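Trainee: Given chain H, work out where chain B with the ligands should sit, using these hints.
There are 2 protein chains.
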Amino acid sequence: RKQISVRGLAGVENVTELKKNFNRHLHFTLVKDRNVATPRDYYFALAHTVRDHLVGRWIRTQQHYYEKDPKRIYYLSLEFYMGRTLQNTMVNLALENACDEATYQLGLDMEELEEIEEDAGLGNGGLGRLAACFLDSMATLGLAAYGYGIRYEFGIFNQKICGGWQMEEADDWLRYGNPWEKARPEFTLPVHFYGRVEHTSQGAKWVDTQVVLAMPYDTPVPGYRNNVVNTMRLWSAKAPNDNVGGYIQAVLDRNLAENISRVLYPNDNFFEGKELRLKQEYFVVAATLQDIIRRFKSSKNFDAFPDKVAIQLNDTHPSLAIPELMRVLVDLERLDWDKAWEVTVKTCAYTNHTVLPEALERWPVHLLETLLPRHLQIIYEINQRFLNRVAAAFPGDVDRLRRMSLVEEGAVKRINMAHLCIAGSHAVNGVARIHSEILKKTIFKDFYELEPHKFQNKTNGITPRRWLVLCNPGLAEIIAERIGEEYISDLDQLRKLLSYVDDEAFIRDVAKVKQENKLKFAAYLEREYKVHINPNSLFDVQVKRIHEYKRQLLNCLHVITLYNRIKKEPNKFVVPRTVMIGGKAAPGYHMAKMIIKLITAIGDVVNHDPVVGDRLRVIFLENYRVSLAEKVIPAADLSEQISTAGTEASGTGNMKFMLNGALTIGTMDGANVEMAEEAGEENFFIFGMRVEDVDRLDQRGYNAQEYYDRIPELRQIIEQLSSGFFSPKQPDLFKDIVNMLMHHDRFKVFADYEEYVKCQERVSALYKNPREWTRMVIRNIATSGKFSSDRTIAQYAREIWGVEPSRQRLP
Amino acid sequence: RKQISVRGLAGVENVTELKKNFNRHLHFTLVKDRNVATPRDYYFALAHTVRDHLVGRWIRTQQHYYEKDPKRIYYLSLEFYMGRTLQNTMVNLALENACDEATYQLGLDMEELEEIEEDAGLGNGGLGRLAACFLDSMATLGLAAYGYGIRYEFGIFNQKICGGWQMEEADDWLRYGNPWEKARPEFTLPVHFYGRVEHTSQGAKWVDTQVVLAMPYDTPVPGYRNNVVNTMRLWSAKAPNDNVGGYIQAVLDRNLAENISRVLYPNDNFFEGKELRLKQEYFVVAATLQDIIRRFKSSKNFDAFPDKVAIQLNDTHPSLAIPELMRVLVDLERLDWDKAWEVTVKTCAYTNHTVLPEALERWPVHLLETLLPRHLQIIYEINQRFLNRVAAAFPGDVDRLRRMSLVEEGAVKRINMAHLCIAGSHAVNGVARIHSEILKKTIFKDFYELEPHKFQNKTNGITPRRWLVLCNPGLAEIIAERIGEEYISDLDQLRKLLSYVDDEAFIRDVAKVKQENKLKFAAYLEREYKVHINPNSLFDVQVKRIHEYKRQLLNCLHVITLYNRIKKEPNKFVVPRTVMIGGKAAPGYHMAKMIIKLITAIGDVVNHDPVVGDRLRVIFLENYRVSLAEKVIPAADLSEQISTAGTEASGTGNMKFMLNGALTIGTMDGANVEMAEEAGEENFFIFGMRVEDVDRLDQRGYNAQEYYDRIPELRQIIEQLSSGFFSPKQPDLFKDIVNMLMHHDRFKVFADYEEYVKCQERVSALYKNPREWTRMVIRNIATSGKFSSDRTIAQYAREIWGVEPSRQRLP
Ligand SMILES: OC[C@H]1O[C@@]2(CC(c3ccc4ccccc4c3)NO2)[C@H](O)[C@@H](O)[C@@H]1O
Ligand SMILES: OC[C@H]1O[C@@]2(CC(c3ccc4ccccc4c3)NO2)[C@H](O)[C@@H](O)[C@@H]1O
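Protein chains in written order, with full-length UniProt numbering: chain H, 11 to 252, 259 to 316, 326 to 836; chain B, 11 to 252, 259 to 316, 326 to 836.
Chain H with its partners taken away, still in its complex shape:
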């Protein structure tokens, strides 16, 4: 427990001070005493005690940036998937052992207290979590960086499983308050909606608008033991300051404006063109850019703006920053268009995260005209000048003009926000090598040919603080025992572990740590859900949002295959497996909801077959979220990363599993390709179509029937699904799944079935050899260094932002 050296020192005076301040907060802050105090009270007492330790550094860091006047980095995102904050703060401030000891002396288990904290679940998955890892890395690398987003009252919904189906409940994460945020109502700013444009004496004027106030809440972002504490600023919607029925209703109607920040849109990789979403996007953009402009002016004429400001667009969601910056510079600051545009492009950079056409933002022009009339005007002017440049570069190429235009023609005329982003940014990057290459090759080929220098790659990463030191201290410890602690903010040092592939002690310890994590996760499921899992089974884990492209269905086909093979040959030994699948489906995503039901339905049969017993178990992990990822990933043996080649832009869950001692079964997709490159393909369970094979199938037409006709075992499974074998009380329950698989499968599940099953056989074969399993694991952990988000951020800093990262400690 405390034996773990990476968790820091429990200094005698520090422990004494912590206990004193713990008790002080219990008394003065919580207004409790030990007689009526609950574990929740004790969590809050600890949270406040720990938060106090951030204050000095937080003030000093922000003063430091004022004095040093570095270029400031503004990371704009609609999502920040932060998770819990207590343990992270302790780790980054080197207080974990001290607080553990302090709480122990008070008769409390700190780990029990940590479980009280709600996730800040202000994101959907990978995109939101990337933003969170990025904040952590930017602070650790000493960058003057500011996360900007929306403080949703309700984050990603809490998932309940009832009758085998997903049920959604409001994520009321602020119910007991957030001890980490500091409300800043004094720095509230006005955001404008609707209205109209007057073109007059000085120029254009946006008038007759409806105002929504943006109230900022600042959350500290501690760097790893460098005394840096940066800021995440999240905006909250507030109704503007200024008959009985009339009056009362008028007060109640304040809710309408305040609804802007009420709830996170729960879609992963899907664009839903709701007006409320558009308001949210403009809300963050307008308030944020006001802050940026104010800070710029309070630092020493807009020529130096791009020298002192970088705006990073987390996908196109804050793309309105481009026309908003132009609006402020032209309409308010009175710069000429050309200069303002020069400034804007040098300030802004765009990160693309998605490949699926339905995930791209294309807003109807009518909606933009009504809500943001001046922005639409500016977008049209941007388009005219941009297409003039295309026309000059490629004279007579009319189709290219049509393809590149920010304006999409059709029944409903729309603005392509990705096109706007490329036009208005000096850099455009994808999120893994394969993805960034395909951007230049197909998706934005025309833009790449116009401005090749714009296009970059920044392979994603994860923070080794949250995703190793916090969630897997046992693994962190056995590593530090061999190579010291430098790797925690220099993850490439993990390559030193290749020297221990034949080290008996290290082989022993790696396996020991994994088993400890598996026991702990089994204890979690037993405690929280009364679900029993076989501790001596292979933990086969697919955790990620439920999506057709991510192919949970392919996993389902394999699970049924294992079941059917057992039933055909009950006497034949098979490596016992616990197959775990978890993830949320978007509320409006019918197929994803059906897929969850199929997983539970498969479990209903498999988990109660006496011939199978504990040899195979299929469980659906309820309410997959950051806090759960921190529990299950360190317990995983096999990481399922089985998206159709070309569909997962990068993935980040893949990296978490690799860092935490799981072996990977995956396609050559997203960052899987680079992970396999780093480790050596011999150390990865790579299977299935490459992108080239998918394209060849698309060329001739994907016919699922061919695979059904040629694979007896697949045929059996489909017939089980169709006939009601997995839904005897409702035989036709899965007809939609069967129909999609047979006739309308965009993701070619059947095409990878045979290779997947065979690859899984090789997984089982290696697991039968514990020594060699663990040695391959070592080869994975040791080469996961590239996938630190420190590496990613250092690249953003040097290649896009023009700032030099620094691990230098503040006084």
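Everything labelled a hint here was simulated from the structure, so no lab data went into it. Mixed in with the good hints, there may be bad ones.
In this list, chains with the same sequence are indistinguishable; a pair is considered to hold if it fits within one copy or across any two.
Cross-link-like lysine-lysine pairs, in silico, DSBU-like; alpha carbons within 35 Å at most [what the hints assert, rightly or not]:
hint	residue 1	residue 2
1	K42	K333
2	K555	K537
3	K29	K42
4	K295	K597
5	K760	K316
6	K29	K192
7	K364	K313
8	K295	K466
9	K192	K170
10	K42	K316
11	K192	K295
12	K438	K618
13	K215	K316
14	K555	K597
15	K192	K42
16	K371	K42
17	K295	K42
18	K215	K290
19	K295	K438
Mentor: Then chain B with the ligands, alone, in the frame of chain H:
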């Protein structure tokens, strides 16, 4: 400043500690340093520092009640007009001088900091303010007392005057947070609405309900220097725990339930039968009674309930407590009806505050059936048994049965909540002697004849902490200089001041203090509104909610009379006056809004007539509220208390003026009668019809025309109003006022005009003699002791609650 001894000691170590804790809060709580810190930051730093001093006493007091197990007093109100808390806390904890010194040493003016605090304006006027004074007195008298109400997000609206008209703005009092409250989400309770009744095996069951959660916020209520800190618990509405459009809308629709605690209904003396108001009333009642029941059970079978619980109903607004208690005792606790009813009546007591029929609560039975079906059933059963008692007591008296029934017949069948309250309470009281007498004489004569022992008087009071020591420390000081400090919680000791009616020093000092207060108020108007007032004028003040019965219009007639008399005889000396009128009109109250416009319109003419100059000025005091009352009342020379005899149940503003060195012009109405009795009528400017005279006019019919025909000066004014003299750009602007006065005046303004004007002449005559004015003032201050809310509460305690008050200090 600090010379003021009543403000306590500035102990050296105390000042040192306060400065240290001030700076600590600025750093750790506010996350600021002296470079960026605003006066608001400094206010909050002081607020947190002062609040810390309540904590020990607050915990100790509540533990004391658990140990001592006294009878607990629950004061249920829909309104708590608390005002600001910073100064009050300092006064009651003897910290004012210490904090003044501490802040001074830090380079800050504490009075400037105090002005930053928002009023907790969770009431309309007198009723809400009475509740607030009562909380203060109950803590000062060492009673185990709990205020229970609703934490409105928006209190009484902020009043703006624009173009001479009232404009309403949302009172966003929680914008910067409330440092005084402690959120208790852990003690959240479910409140049920709608649904239906099942009568089954065990009995009746309320099922299929919609749930709204009640989250409590506790606010400390310090007694005067007795180390007692009681609790005001205010409930906040929270939505219960458990397609894309569908999901998002479902989350947004949480606002509907949460609207229950959104806004205070802004009506003074008017019943508006809105469903939302009914929900608010049940919301407080249901959550509160759950608390009461829980505390009762956690203290040592329902036989002892009335021995350990008192429920005081602040008017009929929480009247649902009666059927709710019956519901819990019968349906949930399984007591037989008779026993439950015995318990209920002994537990509950009802205070009636209003005389006007339109202020009485009469809820349509259809609304009660839909919203609270089980409560309606219980009400009907209460009615049947109660009328059985009436029938037994008065055999054959069928009309009495009809008159006394809780059920009112007609086109819309309604429940009379006052009747329910009398039936279900062991005590019923009015709020001044005249009012309590008329309850037994007319309004509830039938109930008085049935149960005379139920009927009591409890003349209202005001706290001499807020209403003397806080708002008028200069007066508090000159009093303490002669008689010591005991009077602060023993106000009857002010009678000792009668010994100083001929004391030259005291006459000098009383007049000096008044002039100081007048200078300060003039400085306030100049600073905040750039309005200049004549410091050497009589400050003639009518501050109270705008109501026809309160007769601001009569004041208007007198003001115009003064103006017209000056114009007729410009050379004749008149005592210079500044006539100040302030108060909010209910948003839906057209006549009240017109009256505000008339006051400003009169000012528009009078204040700009060069013949008048500074001899007469008429100003409308914008946004009258508790904090403003604390400023203007100590500056007042003349207190306008001019309600039609029989219409003001008590009044409390009257008492504030008397305590603060103003002489009173008033009718024999409400507590005015007792005030004049205490001081001697020779020391009051009493004028106009007595109740007997009003009744005689009602008997023959009020004909306003008679007065118009007989009073030339009145005729002139009405013709000025009709012809557009006070609205030249809109000649007919005041036609509705004129029409009401001439043909539909329920409050007989014309009937008191002549006596009012003549009485005002006598006011001016006495003001010409400063010595004799001040001597009469002394005679008023010295006899204001009866009107301490300590006296009132001691009476409630002994005569209704069955508890003995105690000024005993806690350790
Ligand atoms: O770069 C971070 C990650 O970004 C994605 C895209 C993505 C996402 C999330 C929310 C969205 C909302 C609207 C439209 C597209 C969205 C895409 N979530 O995960 C990619 O699917 C994933 O491969 C990548 O690792
Ligand atoms: O007892 C305290 C005071 O109570 C009254 C009654 C009152 C009031 C306030 C809000 C109301 C809301 C609905 C119905 C009646 C109401 C009466 N406000 O002032 C009386 O009008 C006043 O004379 C008395 O001093």
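Trainee: All hints, please: hold or fail.
Mentor: Right, here's what the structure says about each hint:
Taking the closest pair of Cα atoms, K42 and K333 come within 35 Å of each other only across two copies (25 Å); inside a single copy the shortest separation is 48 Å, beyond that limit. For the identical chains of this complex, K555 and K537 are intra-copy neighbours only, at 25 Å inside a copy versus 78 Å across copies, given an alpha-carbon limit of 35 Å. For the identical chains of this complex, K29 and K42 are neighbours both inside a copy (15 Å) and across copies (25 Å), given an alpha-carbon limit of 35 Å. In this assembly of identical chains, the alpha carbons of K295 and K597 never lie at most 35 Å apart, being 60 Å within a copy and 67 Å across copies at closest.
Taking CA atoms no more than 35 Å apart as the test, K760 paired with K316 passes in neither setting, with 67 Å inside one copy and 62 Å between copies. When the C-alpha separation of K29 and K192 is checked against a cutoff of 35 Å, the pair qualifies both within a copy, at 24 Å, and between copies, at 23 Å. Taking the shortest Cα distances, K364 and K313 sit within 35 Å of each other inside one copy (18 Å), while across copies they are farther apart (75 Å). In this assembly of identical chains, the alpha carbons of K295 and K466 lie at most 35 Å apart only when taken from the same copy (33 Å versus 63 Å across copies).
In this assembly of identical chains, the alpha carbons of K192 and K170 lie at most 35 Å apart whether taken from the same copy (31 Å) or from different copies (32 Å). For the identical chains of this complex, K42 and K316 are inter-copy neighbours only, at 22 Å across copies versus 48 Å inside a copy, given an alpha-carbon limit of 35 Å. Proximity of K192 and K295 under a CA criterion of 35 Å is satisfied in both settings, with 24 Å inside one chain copy and 34 Å between copies. Only within a single protomer do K438 and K618 lie at most 35 Å apart by alpha-carbon distance; the minimum there is 32 Å, versus 51 Å between protomers.
In the homo-oligomer, the alpha carbons of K215 and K316 lie at most 35 Å apart inside one protomer (28 Å), although the nearest pairing across protomers, at 71 Å, exceeds that limit. In this homomeric assembly, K555 and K597 come within 35 Å of each other (Cα to Cα) only inside a single copy, at 30 Å, whereas the closest approach across copies is 95 Å. In this assembly of identical chains, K192 and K42 lie within 35 Å of each other by CA distance both inside one copy and across copies; the values are 23 Å within and 11 Å between. Only between protomers do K371 and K42 lie at most 35 Å apart by alpha-carbon distance; the minimum there is 34 Å, versus 54 Å within a single protomer.
Proximity of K295 to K42 under the C-alpha cut-off of 35 Å is restricted to the inter-copy arrangement: shortest distance 32 Å between copies versus 42 Å within a copy. For the identical chains of this complex, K215 and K290 are intra-copy neighbours only, at 27 Å inside a copy versus 43 Å across copies, given an alpha-carbon limit of 35 Å. Taking the closest pair of Cα atoms, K295 and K438 come within 35 Å of each other only inside a single copy of the chain (19 Å); across copies the shortest separation is 48 Å, beyond that limit.
In terms of the numbered hints stated before, the structure departs from hints 4, 5, listed from lowest to highest.
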